[PDB]
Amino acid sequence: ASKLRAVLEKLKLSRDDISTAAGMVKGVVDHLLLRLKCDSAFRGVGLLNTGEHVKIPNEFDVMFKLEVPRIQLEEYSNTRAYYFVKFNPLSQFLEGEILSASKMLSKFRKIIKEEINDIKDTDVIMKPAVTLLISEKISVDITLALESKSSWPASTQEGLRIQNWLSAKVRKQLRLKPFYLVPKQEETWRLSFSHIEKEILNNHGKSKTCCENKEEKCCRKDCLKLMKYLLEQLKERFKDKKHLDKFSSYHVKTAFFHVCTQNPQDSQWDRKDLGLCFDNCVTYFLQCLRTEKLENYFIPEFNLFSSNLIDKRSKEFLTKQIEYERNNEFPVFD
């Protein structure tokens, strides 16, 4: 309780520094926004949202969207999340009727690499996305996404189980918004709902006025922040072995969404209960590791904790560490 509020207070001390690390990212991103818009295949390129951190802070995430009419999806080998694209200026990227991720992605690179070599002032360099490093500290991941305005694919029909939490009316309204395809067969694309993830986090209560007044302060955002921070701290400490580096804040974010579904009432996230809500988040994540199952929140048959993605040994390792931390009141938080 008191230890975790001290952690949150420390994290806030870093906020008047993102304000200068994110401001520098953004100006490099609008500079590419223009050059892409000058290429004939990336003319309807824009930004998705305003406008994410995997490290919470030197990793920054920006997604470039791109409207593509006449979309058509073919599910790669009933993997639920991976698709080929079929149907214009994008005809240069197709290999036999289907849209080639690797071709479209590889010209994305050339155009950006052509540009970071022309910003002579700031020392930006290049190193599922393209990673830039602005002036030796803060990097950014730039992801290209295709936008489709059609109904969501069949593998999402049982996902986004927010009915008992955010209501069926909101689930209806969210599923009319577009969805996105990100390049990972190497010509396959992966569903992305980053835009929905952000909206659910910022409009996160059963009560429409959750966190808009002093009588309704939940600790939902503070639990996700602690969870992401727990993982970051553990990865730093276990860097002599580096067998935690398959895990990412997106696993924590997904697990936190499942816990929101389990604890749908704002009274289960009362700020006074920070210690117990955080514990709820950690034990669920723990169960995900021990069962080797972490369902993508939108695609239930897509297991992020598969053996394909993360081997058994790494999950066993993180289990033993999180288990020890939870049974000892998180000494990793000092």
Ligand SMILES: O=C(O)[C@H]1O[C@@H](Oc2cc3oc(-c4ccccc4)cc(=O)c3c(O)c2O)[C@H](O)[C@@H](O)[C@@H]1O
The other form holds:
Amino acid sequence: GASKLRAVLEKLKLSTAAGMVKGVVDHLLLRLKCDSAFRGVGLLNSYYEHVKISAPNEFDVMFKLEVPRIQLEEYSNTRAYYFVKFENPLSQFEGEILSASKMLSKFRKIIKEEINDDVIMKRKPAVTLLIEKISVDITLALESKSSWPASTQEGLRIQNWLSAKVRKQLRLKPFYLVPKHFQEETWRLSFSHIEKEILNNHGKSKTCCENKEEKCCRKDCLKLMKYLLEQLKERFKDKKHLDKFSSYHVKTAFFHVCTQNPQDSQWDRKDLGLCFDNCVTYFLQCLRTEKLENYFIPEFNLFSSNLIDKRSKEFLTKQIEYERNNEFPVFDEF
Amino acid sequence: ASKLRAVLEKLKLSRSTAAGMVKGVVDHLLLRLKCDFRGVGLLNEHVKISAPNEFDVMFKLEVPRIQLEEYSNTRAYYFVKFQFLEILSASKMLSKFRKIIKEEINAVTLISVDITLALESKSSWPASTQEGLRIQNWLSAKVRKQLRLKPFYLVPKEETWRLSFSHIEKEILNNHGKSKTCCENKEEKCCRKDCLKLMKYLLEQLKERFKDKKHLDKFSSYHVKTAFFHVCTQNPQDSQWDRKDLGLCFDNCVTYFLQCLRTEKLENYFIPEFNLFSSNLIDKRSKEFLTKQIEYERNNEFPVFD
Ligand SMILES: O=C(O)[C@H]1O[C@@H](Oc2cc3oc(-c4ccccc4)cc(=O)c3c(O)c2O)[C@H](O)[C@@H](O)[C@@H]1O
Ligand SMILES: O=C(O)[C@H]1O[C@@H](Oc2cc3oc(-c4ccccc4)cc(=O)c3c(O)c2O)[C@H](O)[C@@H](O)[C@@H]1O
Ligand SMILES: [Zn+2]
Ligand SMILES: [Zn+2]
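Okay, that's the form deposited without the ligand, but what's the structure of the form deposited with the ligand bound?
Now the full complex is given, and it begins with the chain already shown.
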């Protein structure tokens, strides 16, 4: 049944837009540099990213800003949410803690004025613009070149996959803090950039996927997992069952399967059927066990009972098991 | 090969009470250099293996945007255009560098420590390197593209500068496998670095034995390191470097170096048109002498190692 997967992958591979977003981002960055508080702003990464396989018109860029000397306070033992504490341009923003809401209020404000020179902002992903066909969600992230927080100490378990040498190099790179609530003055750790590095450099062999003898199927199974969820999230668009599931969950599940099957020979493209089945099976195992460790913060359980109700897990579990037992009808359904 | 592992073990014993002082001097030297040389700083060493008291450091200075003019089809020697401007004088630039250094004491060599001045350029590599660094089937094209986005450096040595890629060499050696986990576990221990060490040690011992003849004066550990890199291009797989095969592997390294001596060809690993073993650089008599000495060593289980 694998050739239907390649058929689905063939269609995804094919599905002037990027020119318009590049221009708007260029204008937004330049005027954001005008402000004292957002002076060192630029693109983090390459001004494009499609979190949605199925939505080529839905872009997502991230604006980064370095915070030279911060001290983080772990909010209430969540391991992933922190207060940002510290001649500094950001003291315009509530006590000792840097206010996410105030910093987002000014960020939204400057962009709302900038697009008036038809780009439209949606109602209060800090900002999402509609350029009337293209959506672009802009996120503000704080950059810190200091060493990673202690909660990331046992994460990124890639030593047996991409090597301990690589893991030590990745951890020397900066981490990022993004605003999200609860105590609405918290920032959440973000390692978006590392995952992009890992995916585009995914093999144990440095020449993985650079010749016919070493063609893997890691990227293909990830795309098919994200597509599988995206279709299911849309089939139940109207209802609310799958609103708390994201592509971050399928991507986190994928990296764990990469840790579990580190050799390239376990990802031979001739066996796309079984590997993709194996990844569907792991993601289902996490749904039932209600355990899905954040790949970088192992004590942060993405599938906790306090974040996602077992009702929704049991629902998503039955949808996926029906698809897998029936050659995935949802792939050609829309 | 059990004699090779014996040599390698003795080589490790002579390798830590020394770096603490040279770290203090070098770090302190970079202050009075920042006085005038504002953006100067360390780039990264033991270029000579059997001399653990000699150390080589490199002081790197980024010249912002330069124009490189190739000197006389050398493809490796360049004139740098945009104080010491006459073209940038390496003579006068080293004069002000040696002046300050020798002053704060109270190129330039200070337990011996030889400090080199290098210019950094964050621009694209010169066109003479376009077909060099052929690591594509060994370390991958991704790694090649990433390494060529690193800066290149120019060093002083009829008033020119020479391209320097020693920083790329150090990275490739310490991240040397097609596998990313090569030499990180018992199932993947290779012998590349051991072969390079033995190649370097063999030549330095021969240079010491025949120092009164001056036949080997024009030979360096750089040619040994250059030939070793071509051999890794010839044998890109880690299974051709199994530590159980250190005997055959070392014999393969010696054999290629000999073939470069006999045919008098040894391309710079980054500048393929720069022939290190050319007639205008090393007399054929010296090549045949070094060839004869190495062959006698190889035929008699290397009597220069004990
Ligand atoms: O993969 C994605 O979809 C996006 O993931 C973003 O990072 C996180 C997103 C996340 O999204 C969710 C999430 C989002 C929507 C619905 C349910 C859950 C939960 C997380 O715990 C979560 C997280 O811990 C992250 O670090 C990145 O900042 C972003 O760049 C990336 O595109
Ligand atoms: O490996 C080493 O020993 C040294 O290698 C230096 O690079 C070169 C050295 C070189 O040394 C020689 C050389 C040295 C001594 C005797 C005969 C020849 C010739 C070269 O063409 C040459 C070269 O083209 C280099 O690029 C590096 O710039 C230097 O940092 C390093 O110490
Ligand atoms: Zn691959
Ligand atoms: Zn190795």
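For clarity, a rigid core is taken as the largest C-alpha set superposing within 1.5 Å between two forms. Residue numbers count along the first chain shown, from 1.
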- Task: Once both forms sit on the same core, give the Cα displacement of residue 307 between the two forms in angstrom.
- Result: 2.5
- Check the Cα of residue 248 between the two forms on a core superposition and give its shift in Å. 1.1
